[PDB]
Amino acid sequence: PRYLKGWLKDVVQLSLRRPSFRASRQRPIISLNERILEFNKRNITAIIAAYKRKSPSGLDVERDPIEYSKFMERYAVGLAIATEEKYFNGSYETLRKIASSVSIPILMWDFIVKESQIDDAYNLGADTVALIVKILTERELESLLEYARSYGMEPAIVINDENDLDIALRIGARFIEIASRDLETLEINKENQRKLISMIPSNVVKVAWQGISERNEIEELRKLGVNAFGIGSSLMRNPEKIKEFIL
């Protein structure tokens, strides 16, 4: 990985050593970035709803996985299921049980730093993973991108500044998540986020991720070209908010 500080260094080291398994997957690959483009055409706001009980940023919610996920299946373009145990209280079991209950695309949210993690996601029933430009070396990032695609996934490439953007573009990203929160500090910067989103090339599906609590931020962002919105904390706290986000 790259030089990492603080809780990122910790979780990355955790992820390098986490156990992988031998398996066979069930449900076929249901493309998320493709489903985002269908929703765009159907003029349904595309929301990637995350299920995560905890988060470094302070989220703290106890909610049933299956009931949450069945409810969201009715509205969301896809689900982001946290599988990182220490900082998100997720697990491989949580992804597995959810991927079996629902028939929409599922993004495994974790710190993907080795190839056996992508085998895990595939075997667990995930349809894609996120790969983080700040965490991976450029040649790790290119390789894992290609490794995910070899399975039939299109990874979401997570960026934060124009430099993450040059790297993600250079190594052939087509599906990009612009984070509003710095992964290290967890400081939000929507002004820097909006700048990046305006910049993204026409040929790339883009996602505005983190810090959305209102339907009217979704609107102003839509005028920028935003294809989908990664929302978790607000939905974990009040899942009826999804009705707000999509109207």
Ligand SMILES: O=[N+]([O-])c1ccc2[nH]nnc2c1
Contents of the next structure:
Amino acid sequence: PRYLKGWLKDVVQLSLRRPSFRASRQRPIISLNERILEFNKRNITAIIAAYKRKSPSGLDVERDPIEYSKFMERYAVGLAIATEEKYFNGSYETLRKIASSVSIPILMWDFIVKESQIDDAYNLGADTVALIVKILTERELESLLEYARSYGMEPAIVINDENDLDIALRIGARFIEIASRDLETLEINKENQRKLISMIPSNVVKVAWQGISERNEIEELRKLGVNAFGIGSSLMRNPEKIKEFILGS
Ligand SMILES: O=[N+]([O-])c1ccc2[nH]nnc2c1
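Go ahead and give the structure of the form solved in complex with the ligand, now that the form solved without the ligand is out.
And the full complex, kicking off with our chain again.
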């Protein structure tokens, strides 16, 4: 991983030590970026709903993850399931159970720093993973992206500034998450997010993530070329808000 400080250094150290999940996958791979483009062609707003029991940007939410994921199967283009243990209060078992219960694409959200965690995502049933530019060197990013694609996954490459975007293009990202929250300070900068979105080539599948809370914002971002919208805490609180994000109120 890159030289890191503070909580990022801590979470990367923890992830390096994460024991692997050693069972065979029992689920097809279903492409999250292809389904996003299908929604686009169908003029259906594409929301990637996240399940996260906690995050550094929100309070813990104790809801049944299965009931949540079955509800979202009706509406969302894909689910993102936060599996990191210390800061997201996640578990591989929650991912495994959700993947066993739903037939929409699933992204495993965690801090992926070694190949065995991509083996884990595949074996647990996730269709794809995020890879985070801020924590991985270019060589690790390239290696892990190639590794994930050898399983038939197309990872979301997470960026939050111009440096990250330059590295995403350099490693041949096809599917970019433009995160409006800086991982290190937790600050949201939407002006920067919109600038980055305007700099991405039109053939890359773009997900705007973090701080999206209104149908109007989604409509604005769609007009700038964004393909899909990742939304976590507002849906962890009120899953039915997803109906207004897709259909208006
Ligand atoms: O909780 N999540 O599943 C999840 C998904 C994507 C994200 N991007 N930035 N933070 C994120 C958290």
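The term rigid core refers to the most C-alpha atoms you can superpose between the two forms while keeping them within 1.5 Å. Residue numbers count along the first chain shown, from 1.
Participant: Quick one: how many Å does the C-alpha of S69 shift between these two forms once the rigid core is superposed?
Facilitator: Reported C-alpha shift between these two forms: 0.2 Å at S69.
Participant: Core-aligned, what's the Cα displacement of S213 between these two forms in Å?
Facilitator: Its C-alpha moves by 1.0 Å once the cores are overlaid.
Participant: Would you look up how far the C-alpha of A23 moves between these two forms when the rigid core is overlaid, in angstrom?
Facilitator: Here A23 registers a C-alpha shift of 2.1 Å.
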